[PDB]
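To begin, one chain is listed below as C-alpha coordinates, in the form deposited in one PDB entry.
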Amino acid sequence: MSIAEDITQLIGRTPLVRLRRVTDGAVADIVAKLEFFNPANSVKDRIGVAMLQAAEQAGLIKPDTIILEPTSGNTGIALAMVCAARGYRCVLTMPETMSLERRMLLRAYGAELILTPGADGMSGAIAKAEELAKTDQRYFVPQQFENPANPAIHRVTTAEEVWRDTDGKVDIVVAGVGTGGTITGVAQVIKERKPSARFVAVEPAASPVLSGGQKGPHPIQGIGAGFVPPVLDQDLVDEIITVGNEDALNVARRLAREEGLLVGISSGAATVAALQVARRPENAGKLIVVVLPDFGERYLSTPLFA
(Lines of atoms letter the chains of each structure in order from A and count residues from 1; the text may use other names and numbers.)
(Lines give C-alpha, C1' and ligand atoms only; values in the text may rest on other atoms or scores of the structure.)
Protein backbone atom coordinates (compact mmCIF):
# COMPACT_ATOMS: atom_id res chain seq x y z
CA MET A 1 0.00 0.00 0.00
CA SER A 2 1.81 3.12 -1.31
CA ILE A 3 -0.06 6.08 0.22
CA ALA A 4 1.73 9.00 1.88
CA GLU A 5 0.40 10.00 5.33
CA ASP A 6 0.90 13.62 4.40
CA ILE A 7 2.63 15.92 1.94
CA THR A 8 5.99 15.67 3.79
CA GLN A 9 6.36 12.05 2.73
CA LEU A 10 6.18 13.19 -0.86
CA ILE A 11 9.42 15.18 -1.08
CA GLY A 12 12.37 14.18 -3.24
CA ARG A 13 12.90 11.12 -5.39
CA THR A 14 13.13 13.45 -8.42
CA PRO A 15 13.89 12.19 -11.98
CA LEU A 16 16.98 12.63 -14.13
CA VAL A 17 16.47 13.48 -17.84
CA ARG A 18 19.02 13.51 -20.66
CA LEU A 19 19.47 16.81 -22.51
CA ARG A 20 19.32 16.34 -26.29
CA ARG A 21 19.12 19.69 -28.15
CA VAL A 22 20.53 22.18 -25.60
CA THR A 23 23.95 20.49 -25.86
CA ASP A 24 25.84 22.74 -28.31
CA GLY A 25 29.46 21.66 -28.57
CA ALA A 26 29.15 19.07 -25.77
CA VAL A 27 31.55 16.16 -25.65
CA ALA A 28 30.25 14.92 -22.25
CA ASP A 29 26.80 13.59 -21.51
CA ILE A 30 24.51 16.07 -19.67
CA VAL A 31 21.54 14.93 -17.60
CA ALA A 32 19.29 17.26 -15.62
CA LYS A 33 17.85 16.44 -12.18
CA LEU A 34 14.33 17.80 -12.19
CA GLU A 35 13.43 19.24 -8.79
CA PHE A 36 10.00 20.59 -9.70
CA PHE A 37 8.73 17.03 -9.16
CA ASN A 38 8.49 18.05 -5.48
CA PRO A 39 5.15 18.71 -3.73
CA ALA A 40 5.54 22.55 -4.06
CA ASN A 41 7.74 22.34 -7.18
CA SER A 42 11.23 23.10 -5.93
CA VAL A 43 14.35 21.58 -4.49
CA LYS A 44 13.68 23.56 -1.30
CA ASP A 45 10.71 21.36 -0.31
CA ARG A 46 13.46 18.98 0.82
CA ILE A 47 14.86 21.43 3.39
CA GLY A 48 11.45 22.83 4.38
CA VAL A 49 10.46 19.42 5.65
CA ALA A 50 13.96 18.57 6.91
CA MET A 51 14.55 21.71 8.96
CA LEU A 52 11.18 21.36 10.71
CA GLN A 53 11.59 17.64 11.34
CA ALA A 54 14.98 18.38 12.93
CA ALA A 55 13.37 21.03 15.17
CA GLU A 56 10.51 18.70 16.19
CA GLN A 57 12.92 15.87 16.96
CA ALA A 58 15.00 18.20 19.17
CA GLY A 59 11.85 19.45 20.89
CA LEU A 60 12.22 22.99 19.63
CA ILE A 61 8.59 23.48 18.53
CA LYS A 62 6.14 24.63 21.23
CA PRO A 63 2.32 25.06 20.96
CA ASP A 64 2.74 28.86 20.55
CA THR A 65 5.78 28.71 18.25
CA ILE A 66 5.83 30.93 15.14
CA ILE A 67 8.17 29.79 12.37
CA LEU A 68 10.14 32.70 10.97
CA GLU A 69 12.46 32.31 7.98
CA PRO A 70 14.47 34.57 5.60
CA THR A 71 13.90 33.44 2.01
CA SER A 72 14.24 34.45 -1.63
CA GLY A 73 11.01 32.49 -2.08
CA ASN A 74 11.28 28.75 -2.47
CA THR A 75 12.31 27.75 1.10
CA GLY A 76 9.53 30.11 2.27
CA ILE A 77 7.07 28.27 0.02
CA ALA A 78 8.39 24.94 1.30
CA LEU A 79 7.99 25.97 4.96
CA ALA A 80 4.57 27.53 4.33
CA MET A 81 3.50 24.20 2.85
CA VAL A 82 4.88 22.08 5.68
CA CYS A 83 3.27 24.52 8.16
CA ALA A 84 -0.10 24.16 6.41
CA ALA A 85 0.02 20.38 6.79
CA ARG A 86 1.34 20.59 10.39
CA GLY A 87 -0.92 23.36 11.67
CA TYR A 88 1.92 25.80 12.46
CA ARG A 89 1.98 29.55 12.16
CA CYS A 90 4.61 30.62 9.65
CA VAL A 91 6.07 34.08 8.81
CA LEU A 92 8.53 34.80 5.96
CA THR A 93 10.82 37.71 5.26
CA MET A 94 11.71 38.00 1.57
CA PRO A 95 13.16 40.74 -0.63
CA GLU A 96 10.67 42.79 -2.63
CA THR A 97 12.62 42.00 -5.84
CA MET A 98 11.49 38.33 -5.76
CA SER A 99 8.78 37.05 -8.20
CA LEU A 100 5.21 38.13 -7.34
CA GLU A 101 4.25 34.45 -7.66
CA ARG A 102 6.31 33.76 -4.54
CA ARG A 103 4.30 36.34 -2.63
CA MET A 104 0.98 34.92 -3.76
CA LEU A 105 1.92 31.30 -3.02
CA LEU A 106 3.09 32.13 0.52
CA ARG A 107 -0.28 33.73 1.23
CA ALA A 108 -2.23 30.90 -0.44
CA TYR A 109 -0.70 28.39 1.93
CA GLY A 110 -1.94 30.65 4.75
CA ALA A 111 1.55 31.89 5.66
CA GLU A 112 2.31 35.57 6.39
CA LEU A 113 4.88 37.65 4.52
CA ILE A 114 7.08 40.62 5.36
CA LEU A 115 8.79 42.28 2.42
CA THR A 116 12.34 43.62 2.92
CA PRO A 117 14.11 46.28 0.76
CA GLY A 118 15.36 45.18 -2.68
CA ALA A 119 18.60 47.15 -2.41
CA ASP A 120 19.58 45.03 0.63
CA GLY A 121 18.71 41.70 -1.02
CA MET A 122 19.05 38.47 0.98
CA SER A 123 21.31 40.04 3.66
CA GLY A 124 18.45 42.38 4.63
CA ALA A 125 15.85 39.60 4.60
CA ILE A 126 18.08 37.83 7.12
CA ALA A 127 18.46 40.97 9.29
CA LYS A 128 14.69 41.60 9.50
CA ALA A 129 14.15 37.96 10.64
CA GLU A 130 16.99 38.10 13.22
CA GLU A 131 15.60 41.48 14.33
CA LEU A 132 12.06 40.14 14.71
CA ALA A 133 13.31 37.01 16.48
CA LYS A 134 14.63 39.02 19.43
CA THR A 135 11.38 40.98 19.82
CA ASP A 136 9.44 37.81 20.70
CA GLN A 137 10.48 34.42 22.18
CA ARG A 138 7.71 32.65 20.20
CA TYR A 139 9.70 32.92 16.97
CA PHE A 140 11.70 29.96 15.77
CA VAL A 141 14.10 30.75 12.94
CA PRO A 142 15.26 27.63 11.05
CA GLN A 143 17.92 29.70 9.25
CA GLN A 144 18.59 27.70 6.08
CA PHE A 145 21.95 29.39 5.62
CA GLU A 146 23.23 27.89 8.91
CA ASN A 147 21.07 24.86 9.59
CA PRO A 148 22.90 21.47 9.56
CA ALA A 149 19.59 19.78 8.50
CA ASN A 150 19.84 21.59 5.17
CA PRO A 151 22.95 19.87 3.80
CA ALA A 152 21.99 16.70 5.80
CA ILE A 153 18.78 16.06 3.90
CA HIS A 154 20.76 16.40 0.69
CA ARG A 155 23.17 13.66 1.83
CA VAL A 156 20.32 11.38 2.79
CA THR A 157 18.16 12.02 -0.26
CA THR A 158 19.59 14.11 -3.12
CA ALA A 159 23.06 12.51 -3.09
CA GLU A 160 21.74 8.93 -2.97
CA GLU A 161 19.19 9.69 -5.64
CA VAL A 162 22.01 10.88 -7.91
CA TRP A 163 24.28 7.95 -7.07
CA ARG A 164 21.58 5.26 -7.49
CA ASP A 165 20.08 6.77 -10.62
CA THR A 166 23.40 7.14 -12.52
CA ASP A 167 24.41 3.75 -11.02
CA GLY A 168 27.56 5.41 -9.60
CA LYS A 169 28.63 6.61 -13.06
CA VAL A 170 28.18 10.36 -12.29
CA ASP A 171 31.45 12.27 -12.88
CA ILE A 172 30.56 15.95 -12.38
CA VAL A 173 27.72 17.71 -10.58
CA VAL A 174 26.84 21.32 -11.49
CA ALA A 175 24.58 23.33 -9.18
CA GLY A 176 23.66 26.92 -8.45
CA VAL A 177 24.46 28.02 -4.89
CA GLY A 178 22.00 29.88 -2.67
CA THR A 179 22.65 28.40 0.74
CA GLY A 180 24.97 25.87 -0.93
CA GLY A 181 23.14 23.07 0.86
CA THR A 182 22.38 21.19 -2.35
CA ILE A 183 25.91 21.15 -3.69
CA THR A 184 27.45 20.52 -0.24
CA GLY A 185 25.16 17.61 0.68
CA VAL A 186 25.66 15.96 -2.69
CA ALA A 187 29.45 16.44 -2.64
CA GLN A 188 29.66 15.14 0.95
CA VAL A 189 28.33 11.72 -0.03
CA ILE A 190 29.42 11.32 -3.69
CA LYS A 191 32.98 12.64 -3.28
CA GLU A 192 33.69 10.23 -0.38
CA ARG A 193 32.19 7.32 -2.34
CA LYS A 194 33.93 8.36 -5.61
CA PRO A 195 36.94 10.68 -5.00
CA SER A 196 37.29 11.42 -8.76
CA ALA A 197 33.85 13.10 -8.79
CA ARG A 198 34.00 16.88 -9.28
CA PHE A 199 31.69 19.64 -8.12
CA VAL A 200 31.00 22.94 -9.87
CA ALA A 201 29.29 25.82 -8.03
CA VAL A 202 27.35 28.33 -10.14
CA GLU A 203 26.85 32.00 -9.23
CA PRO A 204 25.76 35.22 -10.98
CA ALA A 205 28.42 37.12 -12.92
CA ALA A 206 26.58 40.20 -11.57
CA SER A 207 27.23 39.14 -7.96
CA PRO A 208 30.38 37.01 -7.93
CA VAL A 209 31.04 36.81 -4.14
CA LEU A 210 32.36 33.21 -4.19
CA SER A 211 34.77 34.07 -6.99
CA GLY A 212 36.10 36.82 -4.69
CA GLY A 213 34.16 39.74 -6.19
CA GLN A 214 31.69 42.16 -4.58
CA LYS A 215 27.95 41.54 -4.26
CA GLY A 216 25.39 43.14 -6.58
CA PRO A 217 21.73 43.05 -7.75
CA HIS A 218 20.81 40.30 -10.24
CA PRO A 219 17.64 38.55 -11.57
CA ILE A 220 18.94 35.02 -10.87
CA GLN A 221 16.49 34.39 -8.03
CA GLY A 222 17.57 31.73 -5.60
CA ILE A 223 21.31 32.11 -6.03
CA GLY A 224 23.89 34.85 -5.47
CA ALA A 225 22.86 35.71 -1.89
CA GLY A 226 25.67 38.32 -1.59
CA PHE A 227 27.81 36.55 1.05
CA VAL A 228 29.50 33.19 1.69
CA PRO A 229 26.85 31.01 3.41
CA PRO A 230 28.05 29.17 6.58
CA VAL A 231 26.39 25.96 5.27
CA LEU A 232 28.55 25.78 2.10
CA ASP A 233 31.75 23.76 2.35
CA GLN A 234 34.09 25.47 -0.12
CA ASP A 235 36.70 22.74 0.36
CA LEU A 236 34.39 20.33 -1.52
CA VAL A 237 33.69 22.65 -4.43
CA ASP A 238 36.19 22.13 -7.25
CA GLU A 239 35.31 25.06 -9.49
CA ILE A 240 33.17 28.20 -9.48
CA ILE A 241 31.56 29.41 -12.73
CA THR A 242 29.84 32.82 -12.98
CA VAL A 243 26.93 33.16 -15.43
CA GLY A 244 25.65 36.43 -17.06
CA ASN A 245 21.99 37.42 -16.77
CA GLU A 246 21.27 37.15 -20.49
CA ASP A 247 22.83 33.65 -20.84
CA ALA A 248 20.94 32.36 -17.82
CA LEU A 249 17.70 33.71 -19.31
CA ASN A 250 18.38 32.52 -22.88
CA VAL A 251 19.21 28.99 -21.82
CA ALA A 252 16.20 28.90 -19.50
CA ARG A 253 14.15 29.76 -22.62
CA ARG A 254 15.86 27.16 -24.84
CA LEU A 255 15.20 24.43 -22.23
CA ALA A 256 11.50 25.21 -22.38
CA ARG A 257 11.44 25.48 -26.17
CA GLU A 258 13.89 22.75 -27.19
CA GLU A 259 13.65 20.18 -24.34
CA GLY A 260 10.10 20.73 -23.05
CA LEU A 261 11.62 21.68 -19.67
CA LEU A 262 9.93 24.83 -18.31
CA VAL A 263 12.35 25.82 -15.56
CA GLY A 264 13.31 28.94 -13.61
CA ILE A 265 16.15 31.36 -14.14
CA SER A 266 18.63 29.59 -11.82
CA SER A 267 18.20 26.38 -13.86
CA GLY A 268 19.23 28.30 -16.98
CA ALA A 269 22.25 29.55 -15.08
CA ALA A 270 23.20 26.01 -13.87
CA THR A 271 22.84 24.73 -17.46
CA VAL A 272 24.97 27.49 -19.01
CA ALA A 273 27.68 26.26 -16.60
CA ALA A 274 26.98 22.53 -17.30
CA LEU A 275 27.31 23.18 -21.02
CA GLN A 276 30.55 25.16 -20.66
CA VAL A 277 32.05 22.30 -18.58
CA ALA A 278 30.80 19.70 -21.13
CA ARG A 279 32.76 21.31 -23.99
CA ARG A 280 36.11 20.61 -22.39
CA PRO A 281 38.00 17.93 -24.38
CA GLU A 282 39.20 16.32 -21.12
CA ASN A 283 35.50 15.60 -20.25
CA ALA A 284 34.66 13.60 -23.43
CA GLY A 285 32.27 10.76 -22.55
CA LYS A 286 31.89 11.73 -18.88
CA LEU A 287 28.52 11.95 -17.14
CA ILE A 288 27.43 15.44 -15.93
CA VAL A 289 24.42 16.05 -13.63
CA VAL A 290 23.02 19.59 -13.55
CA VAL A 291 20.51 20.35 -10.81
CA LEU A 292 17.39 22.15 -12.14
CA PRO A 293 15.86 23.72 -8.95
CA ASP A 294 12.31 24.80 -9.94
CA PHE A 295 9.53 25.36 -12.52
CA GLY A 296 9.26 28.37 -14.78
CA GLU A 297 5.60 28.99 -13.93
CA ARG A 298 6.82 30.76 -10.83
CA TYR A 299 8.41 33.40 -13.08
CA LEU A 300 5.66 34.59 -15.44
CA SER A 301 5.82 38.11 -13.93
CA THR A 302 9.62 38.23 -14.39
CA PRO A 303 11.56 39.13 -17.54
CA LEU A 304 12.15 35.37 -18.15
CA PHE A 305 8.73 35.77 -19.73
CA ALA A 306 7.80 39.10 -21.28
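So that the term is clear: the rigid core is the largest set of C-alpha atoms that superpose within 1.5 Å between two forms. Numbering follows the first chain given and starts at 1. What changes on going to the form deposited in another entry:
- Superposing the rigid core between these two forms leaves a single residue from 191, 155, 215, 128 with a C-alpha shift of at least 2 Å: 128.
- If you fit the rigid core between these two forms, you'll see the Cα of residue 94 move by 2 angstroms or more.
- Once the rigid core is overlaid between these two forms, residue 70 counts among the residues whose Cα shifts by 2 Å or more.
- For residue 113, a C-alpha deviation of 2 angstroms or more is recorded between these two forms after rigid-core alignment.
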Given for the second form:
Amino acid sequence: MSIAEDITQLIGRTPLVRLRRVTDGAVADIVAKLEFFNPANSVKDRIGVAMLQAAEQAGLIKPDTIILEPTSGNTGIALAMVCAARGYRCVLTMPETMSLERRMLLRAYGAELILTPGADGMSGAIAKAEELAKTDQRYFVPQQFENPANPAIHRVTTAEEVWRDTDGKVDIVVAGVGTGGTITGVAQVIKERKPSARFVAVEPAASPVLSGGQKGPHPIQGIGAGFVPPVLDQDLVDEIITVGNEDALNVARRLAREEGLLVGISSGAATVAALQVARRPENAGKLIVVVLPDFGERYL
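Now show me the form deposited in another entry; what you just gave was the form deposited in one PDB entry.
The text that comes after this line covers the one chain and nothing more.
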Protein backbone atom coordinates (compact mmCIF):
# COMPACT_ATOMS: atom_id res chain seq x y z
CA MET A 1 0.00 0.00 0.00
CA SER A 2 1.07 3.61 -0.70
CA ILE A 3 -0.32 5.54 2.25
CA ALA A 4 1.56 8.30 4.06
CA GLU A 5 1.54 8.07 7.88
CA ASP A 6 1.20 11.85 8.09
CA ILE A 7 1.22 14.95 5.90
CA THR A 8 4.95 15.61 6.46
CA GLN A 9 5.77 12.41 4.53
CA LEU A 10 4.13 14.06 1.49
CA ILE A 11 6.50 17.04 1.37
CA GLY A 12 8.70 17.57 -1.72
CA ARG A 13 8.86 15.26 -4.74
CA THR A 14 7.55 18.17 -6.83
CA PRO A 15 7.20 17.94 -10.61
CA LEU A 16 8.91 19.54 -13.56
CA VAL A 17 6.92 21.19 -16.32
CA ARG A 18 8.13 22.49 -19.70
CA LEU A 19 7.50 26.19 -20.42
CA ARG A 20 5.83 26.51 -23.84
CA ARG A 21 4.79 30.16 -24.31
CA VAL A 22 6.83 32.16 -21.81
CA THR A 23 9.93 31.34 -23.85
CA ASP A 24 10.41 34.41 -26.09
CA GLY A 25 13.84 34.22 -27.72
CA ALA A 26 14.88 31.02 -25.94
CA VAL A 27 17.34 28.71 -27.68
CA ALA A 28 17.57 26.49 -24.58
CA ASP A 29 14.87 24.31 -23.06
CA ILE A 30 13.31 25.85 -19.91
CA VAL A 31 11.61 23.58 -17.40
CA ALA A 32 10.07 24.78 -14.12
CA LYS A 33 10.16 22.95 -10.80
CA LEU A 34 6.77 23.55 -9.20
CA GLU A 35 7.26 23.98 -5.46
CA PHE A 36 3.61 25.02 -5.13
CA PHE A 37 2.86 21.27 -5.22
CA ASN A 38 4.05 21.03 -1.58
CA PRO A 39 1.17 20.53 0.90
CA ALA A 40 1.15 24.15 2.08
CA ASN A 41 1.96 25.53 -1.40
CA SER A 42 5.62 26.52 -1.01
CA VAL A 43 9.20 25.30 -1.00
CA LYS A 44 9.49 26.08 2.71
CA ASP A 45 7.57 22.93 3.65
CA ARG A 46 10.88 21.12 2.95
CA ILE A 47 12.83 23.15 5.53
CA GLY A 48 9.98 23.27 8.05
CA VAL A 49 10.00 19.48 8.33
CA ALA A 50 13.81 19.19 7.89
CA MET A 51 14.66 21.60 10.68
CA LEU A 52 12.30 19.88 13.14
CA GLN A 53 13.50 16.44 11.98
CA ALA A 54 17.13 17.42 12.63
CA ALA A 55 16.17 18.70 16.09
CA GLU A 56 14.30 15.49 16.86
CA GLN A 57 17.21 13.40 15.65
CA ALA A 58 19.63 15.41 17.79
CA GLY A 59 17.51 15.09 20.97
CA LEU A 60 16.80 18.84 21.10
CA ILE A 61 13.02 18.50 21.42
CA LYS A 62 11.94 18.07 25.05
CA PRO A 63 8.51 17.31 26.49
CA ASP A 64 7.89 21.04 27.19
CA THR A 65 9.55 22.43 24.06
CA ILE A 66 7.78 25.26 22.21
CA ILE A 67 8.81 25.97 18.61
CA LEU A 68 9.62 29.70 18.09
CA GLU A 69 10.57 31.57 14.91
CA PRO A 70 10.38 35.18 13.66
CA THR A 71 8.75 35.07 10.25
CA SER A 72 6.92 37.23 7.72
CA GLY A 73 6.85 34.65 4.91
CA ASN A 74 6.42 31.03 3.93
CA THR A 75 8.58 29.48 6.68
CA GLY A 76 5.95 30.48 9.24
CA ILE A 77 3.27 28.68 7.22
CA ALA A 78 5.53 25.60 6.82
CA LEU A 79 6.38 25.50 10.53
CA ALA A 80 2.72 25.99 11.53
CA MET A 81 1.63 23.05 9.34
CA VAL A 82 4.42 20.76 10.45
CA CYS A 83 3.87 21.58 14.12
CA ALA A 84 0.15 20.82 13.73
CA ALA A 85 1.07 17.40 12.26
CA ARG A 86 3.69 16.82 14.99
CA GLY A 87 1.49 17.99 17.87
CA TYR A 88 3.97 20.75 18.79
CA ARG A 89 3.14 24.16 20.20
CA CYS A 90 4.23 26.79 17.68
CA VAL A 91 4.81 30.47 18.42
CA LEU A 92 5.65 32.89 15.60
CA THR A 93 6.69 36.55 15.93
CA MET A 94 5.92 39.08 13.22
CA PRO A 95 5.09 42.80 12.81
CA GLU A 96 1.51 43.88 13.58
CA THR A 97 1.44 45.08 9.96
CA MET A 98 1.04 41.45 8.79
CA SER A 99 -2.25 40.94 6.94
CA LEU A 100 -5.36 39.53 8.61
CA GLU A 101 -5.36 36.84 5.90
CA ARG A 102 -1.87 35.69 6.86
CA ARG A 103 -2.73 35.71 10.56
CA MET A 104 -5.88 33.64 9.95
CA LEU A 105 -3.88 31.10 7.88
CA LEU A 106 -1.26 30.63 10.64
CA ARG A 107 -3.96 30.47 13.34
CA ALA A 108 -5.89 27.88 11.27
CA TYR A 109 -2.94 25.54 11.85
CA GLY A 110 -3.07 26.33 15.58
CA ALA A 111 0.01 28.54 15.67
CA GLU A 112 0.14 31.34 18.25
CA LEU A 113 1.15 34.79 17.05
CA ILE A 114 3.13 37.48 18.85
CA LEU A 115 2.71 40.78 17.03
CA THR A 116 5.53 43.29 17.37
CA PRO A 117 5.56 47.10 16.72
CA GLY A 118 4.80 47.94 13.08
CA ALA A 119 7.41 50.70 13.02
CA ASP A 120 10.16 48.21 14.00
CA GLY A 121 9.28 45.79 11.17
CA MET A 122 11.11 42.47 10.99
CA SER A 123 14.01 43.62 13.21
CA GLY A 124 11.42 44.06 15.99
CA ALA A 125 10.04 40.56 15.38
CA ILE A 126 13.55 39.06 15.50
CA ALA A 127 14.34 41.07 18.66
CA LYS A 128 11.20 39.73 20.33
CA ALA A 129 12.04 36.11 19.43
CA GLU A 130 15.62 36.62 20.68
CA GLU A 131 14.38 37.94 24.01
CA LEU A 132 11.74 35.24 24.40
CA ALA A 133 14.32 32.51 23.75
CA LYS A 134 16.90 34.01 26.11
CA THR A 135 14.46 34.23 29.01
CA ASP A 136 12.47 30.97 28.52
CA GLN A 137 14.44 27.79 27.86
CA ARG A 138 11.32 25.95 26.62
CA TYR A 139 11.72 27.70 23.23
CA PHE A 140 13.54 25.98 20.38
CA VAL A 141 14.34 28.37 17.52
CA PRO A 142 14.87 26.75 14.10
CA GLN A 143 16.84 29.75 12.72
CA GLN A 144 16.10 29.25 9.03
CA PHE A 145 19.03 31.43 7.88
CA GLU A 146 21.66 29.47 9.85
CA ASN A 147 20.29 25.95 10.24
CA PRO A 148 22.37 23.37 8.33
CA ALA A 149 19.24 21.22 7.86
CA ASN A 150 18.04 23.87 5.33
CA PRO A 151 20.67 23.21 2.67
CA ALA A 152 20.85 19.54 3.72
CA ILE A 153 17.21 18.80 2.87
CA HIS A 154 17.77 20.38 -0.54
CA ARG A 155 20.76 18.05 -1.08
CA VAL A 156 18.73 14.97 -0.14
CA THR A 157 15.44 15.82 -1.84
CA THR A 158 15.34 18.82 -4.20
CA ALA A 159 18.73 18.11 -5.85
CA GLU A 160 18.02 14.40 -6.36
CA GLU A 161 14.58 15.18 -7.78
CA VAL A 162 16.16 17.56 -10.30
CA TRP A 163 18.81 14.96 -11.14
CA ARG A 164 16.45 12.02 -11.55
CA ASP A 165 13.64 13.86 -13.30
CA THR A 166 16.09 15.25 -15.93
CA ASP A 167 17.97 11.91 -16.16
CA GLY A 168 21.12 13.87 -15.31
CA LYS A 169 20.71 16.15 -18.36
CA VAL A 170 20.18 19.36 -16.37
CA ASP A 171 22.75 21.92 -17.52
CA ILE A 172 21.85 25.09 -15.66
CA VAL A 173 19.81 25.71 -12.49
CA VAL A 174 18.28 29.12 -11.93
CA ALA A 175 17.01 30.00 -8.44
CA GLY A 176 16.08 33.02 -6.34
CA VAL A 177 18.08 33.38 -3.12
CA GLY A 178 16.35 34.09 0.19
CA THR A 179 18.11 31.93 2.73
CA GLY A 180 20.22 30.45 -0.12
CA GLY A 181 19.30 26.92 0.95
CA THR A 182 17.69 25.83 -2.31
CA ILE A 183 20.44 26.90 -4.69
CA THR A 184 23.19 25.81 -2.26
CA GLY A 185 21.86 22.27 -1.67
CA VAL A 186 21.14 21.68 -5.33
CA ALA A 187 24.57 22.95 -6.40
CA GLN A 188 26.38 20.94 -3.70
CA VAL A 189 25.03 17.69 -5.13
CA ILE A 190 24.73 18.44 -8.81
CA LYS A 191 27.99 20.37 -9.44
CA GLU A 192 30.02 17.61 -7.82
CA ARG A 193 28.17 14.95 -9.87
CA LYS A 194 28.25 16.97 -13.10
CA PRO A 195 31.10 19.55 -12.94
CA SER A 196 29.91 21.21 -16.19
CA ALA A 197 26.60 22.23 -14.54
CA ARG A 198 26.12 25.91 -13.71
CA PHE A 199 24.09 27.78 -11.13
CA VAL A 200 22.49 31.21 -11.43
CA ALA A 201 21.37 33.10 -8.32
CA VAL A 202 18.54 35.60 -8.70
CA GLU A 203 18.04 38.72 -6.57
CA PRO A 204 16.09 41.99 -6.80
CA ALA A 205 17.59 44.87 -8.79
CA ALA A 206 16.09 46.99 -5.98
CA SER A 207 18.27 45.23 -3.36
CA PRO A 208 21.31 43.90 -5.25
CA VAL A 209 23.37 42.77 -2.25
CA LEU A 210 24.89 39.61 -3.74
CA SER A 211 25.93 41.72 -6.74
CA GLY A 212 27.92 44.05 -4.42
CA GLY A 213 25.25 46.72 -4.03
CA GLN A 214 23.24 48.09 -1.14
CA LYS A 215 20.14 46.79 0.62
CA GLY A 216 16.83 48.49 -0.27
CA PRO A 217 13.07 47.95 -0.02
CA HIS A 218 11.45 45.72 -2.63
CA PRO A 219 8.24 43.69 -3.14
CA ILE A 220 9.76 40.40 -4.42
CA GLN A 221 8.68 38.40 -1.38
CA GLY A 222 10.91 35.44 -0.57
CA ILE A 223 14.18 36.78 -1.95
CA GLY A 224 16.43 39.83 -1.36
CA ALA A 225 17.02 39.48 2.39
CA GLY A 226 19.30 42.56 2.42
CA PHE A 227 22.42 40.66 3.53
CA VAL A 228 24.58 37.75 2.35
CA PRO A 229 22.82 34.70 3.77
CA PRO A 230 25.15 32.53 5.94
CA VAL A 231 23.81 29.29 4.38
CA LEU A 232 24.64 30.48 0.84
CA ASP A 233 27.80 28.99 -0.65
CA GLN A 234 28.80 31.80 -3.00
CA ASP A 235 31.62 29.68 -4.46
CA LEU A 236 29.02 27.33 -5.98
CA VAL A 237 27.14 30.24 -7.61
CA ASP A 238 28.39 30.90 -11.16
CA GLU A 239 26.37 34.04 -11.89
CA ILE A 240 24.00 36.52 -10.24
CA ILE A 241 21.10 38.07 -12.18
CA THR A 242 19.25 41.06 -10.79
CA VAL A 243 15.58 41.40 -11.69
CA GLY A 244 13.43 44.51 -11.62
CA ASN A 245 10.13 44.63 -9.81
CA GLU A 246 8.02 45.28 -12.91
CA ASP A 247 9.66 42.52 -14.96
CA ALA A 248 9.12 40.02 -12.13
CA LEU A 249 5.45 40.96 -11.87
CA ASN A 250 4.92 40.94 -15.61
CA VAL A 251 6.43 37.48 -16.06
CA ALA A 252 4.53 36.12 -13.04
CA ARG A 253 1.36 37.37 -14.80
CA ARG A 254 2.38 35.71 -18.06
CA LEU A 255 3.00 32.35 -16.33
CA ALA A 256 -0.53 32.39 -14.94
CA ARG A 257 -2.30 33.58 -18.11
CA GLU A 258 -0.14 31.76 -20.71
CA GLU A 259 0.97 28.56 -18.89
CA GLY A 260 -1.77 28.13 -16.28
CA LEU A 261 0.94 28.40 -13.60
CA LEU A 262 -0.27 30.72 -10.84
CA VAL A 263 2.94 31.49 -8.99
CA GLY A 264 4.36 34.09 -6.62
CA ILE A 265 6.35 37.13 -7.62
CA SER A 266 9.69 35.44 -6.80
CA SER A 267 8.75 32.75 -9.40
CA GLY A 268 8.28 35.59 -11.89
CA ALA A 269 11.74 36.90 -10.96
CA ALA A 270 13.39 33.48 -11.33
CA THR A 271 11.74 33.02 -14.74
CA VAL A 272 12.89 36.47 -15.95
CA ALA A 273 16.44 35.27 -15.24
CA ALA A 274 15.95 31.83 -16.82
CA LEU A 275 14.63 33.43 -20.01
CA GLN A 276 17.68 35.76 -20.13
CA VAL A 277 20.08 32.84 -19.76
CA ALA A 278 18.06 30.82 -22.33
CA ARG A 279 18.59 33.42 -25.08
CA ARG A 280 22.38 33.08 -25.03
CA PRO A 281 23.64 31.34 -28.20
CA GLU A 282 26.19 29.35 -26.15
CA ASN A 283 23.21 27.78 -24.35
CA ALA A 284 21.51 26.49 -27.48
CA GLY A 285 20.17 22.98 -26.79
CA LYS A 286 20.90 23.10 -23.05
CA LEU A 287 18.39 22.20 -20.32
CA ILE A 288 17.66 24.96 -17.83
CA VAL A 289 15.73 24.14 -14.66
CA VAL A 290 14.15 27.12 -12.93
CA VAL A 291 12.76 26.80 -9.38
CA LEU A 292 9.30 28.36 -8.84
CA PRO A 293 9.07 28.62 -5.02
CA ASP A 294 5.35 29.14 -4.36
CA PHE A 295 1.70 29.51 -5.44
CA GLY A 296 0.41 32.95 -6.49
CA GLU A 297 -3.02 32.95 -4.85
CA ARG A 298 -1.66 34.50 -1.59
CA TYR A 299 -0.33 37.52 -3.51
CA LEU A 300 -3.61 38.58 -5.11
